[PDB]
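Here you get one chain, nothing else, as structure tokens; it is the form deposited without the partner chain.
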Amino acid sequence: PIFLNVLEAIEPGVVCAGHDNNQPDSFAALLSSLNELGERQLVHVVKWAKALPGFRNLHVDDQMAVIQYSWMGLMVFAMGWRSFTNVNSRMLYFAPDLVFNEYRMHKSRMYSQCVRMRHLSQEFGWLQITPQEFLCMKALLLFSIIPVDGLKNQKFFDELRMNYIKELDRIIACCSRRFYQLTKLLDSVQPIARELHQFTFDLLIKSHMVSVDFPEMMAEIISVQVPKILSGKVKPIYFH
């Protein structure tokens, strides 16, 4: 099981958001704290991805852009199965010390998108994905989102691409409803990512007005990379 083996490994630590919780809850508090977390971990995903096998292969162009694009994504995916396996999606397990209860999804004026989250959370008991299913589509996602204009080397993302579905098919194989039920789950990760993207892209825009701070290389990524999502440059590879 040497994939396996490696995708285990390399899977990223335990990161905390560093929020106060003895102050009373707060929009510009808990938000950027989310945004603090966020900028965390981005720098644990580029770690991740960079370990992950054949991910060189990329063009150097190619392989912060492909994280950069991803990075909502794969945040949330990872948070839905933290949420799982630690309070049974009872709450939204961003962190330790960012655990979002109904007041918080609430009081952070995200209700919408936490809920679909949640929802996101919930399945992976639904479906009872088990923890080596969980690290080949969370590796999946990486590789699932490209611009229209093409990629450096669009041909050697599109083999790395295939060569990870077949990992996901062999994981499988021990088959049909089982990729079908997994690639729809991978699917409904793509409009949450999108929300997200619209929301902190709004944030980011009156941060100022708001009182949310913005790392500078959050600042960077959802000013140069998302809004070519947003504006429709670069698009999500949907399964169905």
Second form
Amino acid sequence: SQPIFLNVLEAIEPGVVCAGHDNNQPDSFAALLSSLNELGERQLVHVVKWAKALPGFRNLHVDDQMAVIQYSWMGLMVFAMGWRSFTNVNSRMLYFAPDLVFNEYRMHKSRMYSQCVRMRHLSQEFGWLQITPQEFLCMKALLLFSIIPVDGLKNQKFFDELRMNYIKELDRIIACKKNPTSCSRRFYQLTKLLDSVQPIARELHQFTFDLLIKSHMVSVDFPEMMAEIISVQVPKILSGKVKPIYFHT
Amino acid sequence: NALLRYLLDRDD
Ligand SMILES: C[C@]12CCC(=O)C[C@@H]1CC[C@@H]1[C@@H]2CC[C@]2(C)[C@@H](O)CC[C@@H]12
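To complete the pair, please output the form solved in complex with the partner chain; the form deposited without the partner chain was given just before.
Okay, now the whole complex, with that chain kicking things off.
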């Protein structure tokens, strides 16, 4: 039986996105963070177009569609950037975009060196675990469905069924074989990898929120869409109204 | 979130 789910994921996977960073200016806090915010804005456009093409996604209430996107973009973009870093520079640097690659100096200058280190460990996991492109696509799709309000969504029922289905699809393409233990071990590793994305996203969420607050004082520009989500949705996560869905406790 | 809504509505 010819697969379909994976055909779709591979087909809709977003292409290359540039930050628009001018690599001629010195590496300053203001210049680096302003370019990261622009990349986030451009990437948010692809995240939306991508999500809309995902199987079952349009069957969610429009407001729930907005919500999962507003809540999970950080995790999605970090996971993807870790994959690019792993495949383009063997996780040696953070490959945010072709025109915005962070080396050690930029990690320090960004004032988020610790968070960059944690992102680099994430990227390296793709190597340590030997994550296949298929496993990567399925895990990334599941991240879209990994954060919701504690009060639930407008149509929680359908969301829970869609989430379930994306889990079964992940289970189906895990790299294993005559050895049920290997498959069991593999699923454990992948669920653990997905969970580890959340604490990273949370640090970045805290950082960007604080940055937005003092943006005028540190000369960091926030595009319209990022400004809006960072000032309305991100606080709901930081205040505990919206929480990640973990596999493990 | 007007801009986000527009990106979702446009083409579907
Ligand atoms: C999501 C982005 C941009 C897209 C990407 O490849 C990952 C990266 C992770 C750090 C984010 C950044 C967008 C802008 C943020 C949110 C800054 O304000 C501070 C942390 C930045």
